[PDB]
Structure formats: C-alpha cells, structure tokens
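Participant: Between the sequences and the hints, there should be enough to build the whole structure, so can you do that?
Listed below, chain by chain, are the residues.
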Amino acid sequence: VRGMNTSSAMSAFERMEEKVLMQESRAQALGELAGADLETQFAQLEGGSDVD
Amino acid sequence: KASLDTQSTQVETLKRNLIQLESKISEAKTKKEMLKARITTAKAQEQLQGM
Amino acid sequence: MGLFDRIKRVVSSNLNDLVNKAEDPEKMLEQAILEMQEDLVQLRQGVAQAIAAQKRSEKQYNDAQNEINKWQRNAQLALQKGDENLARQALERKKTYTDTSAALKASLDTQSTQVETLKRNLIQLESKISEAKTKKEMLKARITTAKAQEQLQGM
Amino acid sequence: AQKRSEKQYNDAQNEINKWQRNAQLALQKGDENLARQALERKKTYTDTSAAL
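Residue numbers (the entry's author numbering), protein chains in the order written: chain FC, 156 to 207; chain E, 105 to 155; chain F, 1 to 155; chain L, 53 to 104.
Hints are not guaranteed to be accurate.
[Unchecked claim] Derived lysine to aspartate or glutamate pairs resembling DMTMM-like cross-links, with alpha carbons at most 20 Å apart:
#  : chain 1 : residue 1 : chain 2 : residue 2
1  : F       : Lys8      : FC      : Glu173
2  : E       : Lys140    : F       : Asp39
3  : F       : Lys119    : L       : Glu67
4  : F       : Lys119    : F       : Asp39
5  : E       : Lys133    : FC      : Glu173
6  : F       : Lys119    : L       : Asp83
7  : E       : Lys147    : FC      : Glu201
8  : E       : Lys136    : FC      : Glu179
9  : F       : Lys105    : F       : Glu116
10 : F       : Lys95     : F       : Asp63
11 : F       : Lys8      : FC      : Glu169
12 : L       : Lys70     : F       : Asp109
13 : F       : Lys136    : F       : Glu23
14 : F       : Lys135    : L       : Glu58
15 : E       : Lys128    : FC      : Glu179
16 : E       : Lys147    : FC      : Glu179
17 : FC      : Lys174    : E       : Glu137
18 : F       : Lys59     : L       : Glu58
19 : L       : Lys81     : L       : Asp99
20 : L       : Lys55     : F       : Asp109
21 : F       : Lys21     : F       : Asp39
22 : E       : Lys136    : FC      : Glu169
23 : F       : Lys128    : L       : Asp99
24 : FC      : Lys174    : E       : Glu126
25 : L       : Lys81     : F       : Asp63
26 : F       : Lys140    : F       : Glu38
27 : L       : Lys55     : F       : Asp17
28 : E       : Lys136    : FC      : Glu194
If you are wondering where the hints come from, they were derived from the structure by calculation, not from laboratory data.
Facilitator: The structure is reproduced here in structure tokens:
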C-alpha cells in the first residue's frame with residue numbers, strides 16, 4: 156500500500172519504467188519510419204482496396 | 105470464551121488479509137505476463153526496424 | 001539503501017542463472033515421477049499396515065466379546081452358586097468390557113472410514129501419475145514434428 | 053498404462069456392484085445409515101469411473 160521501497164515494490168517500479176520507455180523507444184523508432192511518404196501511401200492504398 | 109472471541113476476530117482479519125494478499129499476487133502474476141508480452145513485442149519491432 | 005539495491009540485483013541474477021541450469025523437462029519429470037511413486041508405494045504399504053492393524057484390533061475386539069461371553073457364563077454359574085460377590089463382579093466386568101468394545105468399534109469404524117478414503121485417494125493418485133505420463137507422450141509427438149522439419153533439409 | 057488404468061476402472065465397477073449388493077442387504081437389515089452410505093459410495097465411484 157505504501158509504495159515505499161520494498162523487495163516487491165522496488166522491482167515493480169523499475170520494470171514498469173522499462174516497459175514504458177521501451178514502448179516509447181519503439182514508438183520513436185516507428186515514427187521516423189512512419190514519417191516517410193511511402194509508408195503513408197500504403198495505408199491510403201489499403202483503405203481503398205479494403206472498401207472494394 | 106473471551107480469548108476465543110479475540111482469537112476468532114484475529115483469525116478472521118488474518119484470513120481476509122490473506123485473501124487480499126492472494127488477490128494481489130494473482131494481479132502481479134497477470135501483470136508479469138503482460139510485461140513479458142510487451143518485451144517480446146519490442147524485440148520484434150526492432151527486428152522489423154532494422155530491415 | 002545501497003546494500004538493499006545490491007542484494008536485489010544479485011539475488012535476481014543468481015536465481016535466474018540457477019533455474020535455467022536445472023530447467024530440463026526430462027530430468028525434473030523423472031525425479032517427480034520417482035517421488036510420487038515412492039510416496040504411492042509408502043501409502044500403499046501404510047494402507048496395508050493400517051488394514052493389518054485394524055485386523056489386529058478386530059482380533060482384540062473379538063477376544064473382548066469372547067471374554068464377555070465367558071463372564072456371562074460365570075454370572076449364570078454364580079447365581080447357581082448363590083454367592084453375591086461373584087455375581088456382582090461379573091456384572092461390573094461386563095459393563096467395562098462392553099464400553100471398551102463399543103469404544104473399539106467406534107475407533108475401528110473411524111479407521112475403516114479413513115482407510116477407505118485412503119484407498120480412494122490412492123486410486124486417484126494412480127490416475128494422476130498416468131495422466132502425467134500421457135502428457136510426456138504428447139510432448140514426444142511434438143518433438144517428432146521438429147525432427148520432420150530437419151528431415152526436410154536432408155531431403 | 054491404459055490397460056493398467058482399465059483394470060483399475062474394472063475394479064471400481066466391481067466395487068460398485070459389491071456396494072449395490074450391500075445396499076440391497078441394507079434394506080433387508082432395515083438400518084438407514086448403511087443404505088445411505090452405499091448410495092454416497094456409488095455416486096462418487098460412478099463419477100470417478102466416468103472420469104476414468
């Protein structure tokens with residue numbers, strides 16, 4: 156309940172931080188790829204194709 | 105009888121606490137499984153990222 | 001605070017390394033299989049011993065019943081004799097023996113109920129080990145599939 | 053193992069028959085407790101047999 160440093164609580168904070176940062180890092184890596192026009196073009200093409 | 109009542113109350117409180125503790129570990133286990141899934145996804149993204 | 005941080009890191013690293021070294025499915029299963037079988041053998045022996053003990057207890061109970069009959073015969077003989085003391089002693093002897101017999105019967109009944117439960121438990125245990133064995137066979141089938149992929153390379 | 057399991061299953065079936073005979077005997081005896089015990093014994097064994 157306290158959230159004070161503990162054998163279980165301490166481990167949980169670090170792991171959660173790692174999960175948040177790793178996901179953010181992946182997103183950061185992803186956004187650069189996302190920024191390029193070709194990636195955007197594929198999504199637009201797919202939507203038209205999907206509707207058909 | 106007075107001692108028994110005190111013991112019973114303590115036992116009931118302890119049992120409730122144990123159940124709460126049991127619920128917490130289960131949640132932690134679920135969280136751990138979820139955490140593992142997130143880690144696996146990142147590696148795959150990285151592999152895709154390089155190509 | 002520094003010591004605690006160091007301890008957690010060391011413990012996690014040591015624990016992770018240790019589990020991986022001993023994480024072999026065949027070795028762990030075999031040890032587990034040996035332990036349950038040994039326990040089952042002990043349980044079977046215990047049940048047999050309990051049954052033997054119950055039989056021994058039954059013989060003692062039977063002897064008490066026989067003693068009561070002898071006492072009953074003596075009581076009848078005592079009446080013919082006309083001695084008040086002999087008759088009184090027989091009645092007292094019969095009552096304690098009867099109570100003892102009843103107590104023995106109750107104990108035997110409880111033991112009988114317990115042994116039956118143990119036998120049922122043993123049967124359940126036998127079913128459980130067989131189920132574990134079945135799982136290994138399924139795992140073996142999966143292993144063969146991996147081998148088949150390798151066979152493809154050879155082909 | 054299956055054959056061994058089958059033998060155990062067969063024994064359970066035999067036990068049920070013995071229990072069934074006892075139940076009939078219990079009715080003749082007129083003791084309520086013996087009859088009740090037999091019925092309980094038959095049900096668990098039947099369930100175990102079905103599971104087996």
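Participant: Take the hints in turn and mark each one as holding or not.
Facilitator: How the hints compare with the structure:
Proposed proximity of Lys8(F) and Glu173(FC) is supported: the alpha carbons are some 17 Å apart, at most 20 Å. Note on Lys140(E) and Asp39(F): the hinted pairing is violated, with a Cα-Cα distance of about 37 Å set against a maximum of 20 Å. For the proposed pair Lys119(F) and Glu67(L), the alpha carbon gap of about 12 Å is at most 20 Å, so the pair holds. Only pairs whose Cα atoms come within 20 Å are accepted, and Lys119(F) paired with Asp39(F) is accepted, the gap being roughly 14 Å.
With a C-alpha separation of about 17 Å, the suggested pair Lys133(E) and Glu173(FC) falls inside the 20 Å cut-off, and the hint holds. For a cut-off of 20 Å, the pair hint linking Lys119(F) to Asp83(L) is broken: about 25 Å separates their Cα positions. Distance restraint check for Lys147(E) and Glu201(FC): the Cα-Cα separation of roughly 26 Å exceeds the 20 Å cut-off, and the hinted pair is therefore not satisfied. With a C-alpha separation of about 19 Å, the suggested pairing of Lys136(E) with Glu179(FC) holds against the 20 Å cut-off.
Between the alpha carbons of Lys105(F) and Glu116(F) the distance comes to roughly 16 Å, so the proposed pair stays at or under 20 Å and holds. Restraint check for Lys95(F) and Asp63(F): satisfied, since their Cα atoms lie roughly 15 Å apart, inside the 20 Å limit. Among the hinted pairs, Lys8(F) with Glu169(FC) is consistent with the structure: their alpha-carbon atoms are about 12 Å apart, no more than 20 Å. Pair hint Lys70(L) plus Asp109(F) holds up; C-alpha atoms about 19 Å apart against a cutoff of 20 Å.
Taking the CA atoms of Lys136(F) and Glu23(F), the gap is about 16 Å. The hint holds against a cut of 20 Å. Between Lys135(F) and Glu58(L) the alpha-carbon distance is near 18 Å, which keeps this suggested pair within the 20 Å criterion. As the CA atoms of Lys128(E) and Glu179(FC) are separated by approximately 27 Å, the hinted pair breaks the 20 Å bound. Under the criterion of a C-alpha separation no larger than 20 Å, the hint pairing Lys147(E) with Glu179(FC) is consistent with the structure, at around 13 Å.
Taking the CA atoms of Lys174(FC) and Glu137(E), the gap is about 12 Å. The hint holds against a cut of 20 Å. With a C-alpha separation of about 36 Å, the suggested pairing of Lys59(F) with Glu58(L) is violated against the 20 Å cut-off. Restraint check for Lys81(L) and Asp99(L): not satisfied, since their Cα atoms lie roughly 27 Å apart, outside the 20 Å limit. A C-alpha spacing of about 34 Å is found between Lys55(L) and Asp109(F), which places the hinted pair above 20 Å, so the restraint is violated.
For the suggested pair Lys21(F) and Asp39(F), the alpha carbons sit about 27 Å apart, so the restraint of at most 20 Å is broken. Taking the CA atoms of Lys136(E) and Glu169(FC), the gap is about 13 Å. The hint holds against a cut of 20 Å. Our distance criterion of 20 Å between C-alpha atoms is met by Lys128(F) and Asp99(L), whose separation comes to about 16 Å. Taken as a hint, the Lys174(FC) and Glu126(E) pair is broken in the structure, with Cα atoms around 25 Å apart against an allowance of 20 Å.
At roughly 26 Å between alpha-carbon atoms, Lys81(L) and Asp63(F) are farther apart than 20 Å, so this suggested pair is violated. Proposed proximity of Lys140(F) and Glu38(F) is contradicted: the alpha carbons are some 25 Å apart, above 20 Å. About 42 Å separates the Cα atoms of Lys55(L) and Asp17(F), which puts this hinted pair outside 20 Å; it is violated. At roughly 34 Å between alpha-carbon atoms, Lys136(E) and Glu194(FC) are farther apart than 20 Å, so this suggested pair is violated.
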